[PDB]
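What follows is a short report on a single structure.
Removed: one protein chain of the complex. Kept in place: all other protein chains.
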């Protein structure tokens, strides 16, 4: 159920909150329209994460789902978060590399399917089916990481060194971090309950904060965001 | 509960409906692609408002939420409306002033959070928490009004007199009207039930019709929408 993980939810709420304030209080005197975009995108990521983490701490983002033969605690707020949040992160990567509109649309589409499909899995009552959705969701993710690693890097090679190197760091951080989510999900309370909801919430928190605040920090503190 | 406010819901449905028909039957012979955008955006605002007002009149947009120690009548359709509707209005303002993509994204993002956060508050069962969400939602709104008043006006000063003056009127109308919503919400059935759902529905109706049909009228009947 949901009570002992309250501390990781409170800390996540706090970290996303402070992360938003910091990015806000840093893009204030920015005149460059390109940099402006990066700050707007990057600042909204933790801001959204803040509201959803708060809904989980306060209990609104938690529901109960029966499967296997029990009532399981499912924090559905994560999907609401990730639905807008993961595409924004992808958008940062795309602008940095100047991706084609077509690929940006393919990426956002793949991402929406990944999260939507992951949400359906989390709320499915037939235990066995949850894993089918997990598989579809993971296939979507793999497609996204493939394009960022192989497709985007190539695109980054045509920009100036500052941009190419910052993209490289951001690229490595998201590929590694993003692939941990399906694993956490599979072994957590949403799948084979090997790991307790307590530790699971701590894992997602570290992952979320790293994939947003950290990512944001690496990006917003480089000159890559400038023309 | 919901029954005696049926008249304000029926009138709102009617006014949004006639408002859509009028804007539609006015943008028919418009060749200017810029003006076309304004008509498309502005016409969809009342059209959406029409469908949601109708759902409330017919009872579908009403739900019951327990909090304090009672079953409260919450018209959730408003948020569904405002979720697409408020950003469209912001988009009209942005095109008129030729805002940067970055700021447009920040505004739409702030707006989505404002409505989403306001929806969560309206459906929260812990009476005390509803106000936390209200606070977050209001902070988001204040951020939006700040940019429209101080940021956009500056941008409008670089356009021709017709555009600058129409923007000024639209700006004053939305800043004043938008700030009334959180007050109505706070004192209405969603917050401290000082005002009866009856009078509350009448307030939102006047506010909604003014902020859409009125706004649309001020905009679509000026030459500001032309290049």
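First chain written, first letter: the chains are A and B, and each begins at residue 1.
To be clear about the criterion, contacts are C-beta pairs under 8 Å (C-beta built on N, C-alpha and C of every residue); 3 or more make two chains touch, one makes a residue touch a chain.
J.: In the complete assembly, which of B:9, B:15, B:16 or B:47 touches the absent chain?
T.: B:47
J.: For the chain left out of this view, which of A:11, A:136, A:173 or A:175 touches it?
T.: Residue touching the absent chain, from the options given: A:136.
J.: Using the touch definition from the top, which of A:120, A:180, A:206 or A:217 touches the missing chain?
T.: Once the missing chain is taken into account, the touching residue is A:120.
J.: Out of A:14, A:30, A:106 or A:173, which is the one that touches the chain we can't see?
T.: The single option touching the absent chain is A:106.
J.: Touching the hidden chain in the full complex, which residues of subunit B are there? Just list them.
T.: Contacting residues on subunit B, toward the hidden partner: 33, 36-41, 43-44, 47-48, 51, 54-55, 58-60, 84.
J.: Can you list, in ascending order, the subunit A residues touching the missing chain?
T.: Looking at subunit A, the ones touching the missing chain are residues 100-103, 105-106, 109, 112-113, 116-117, 120, 123-124, 126, 129, 132, 136.
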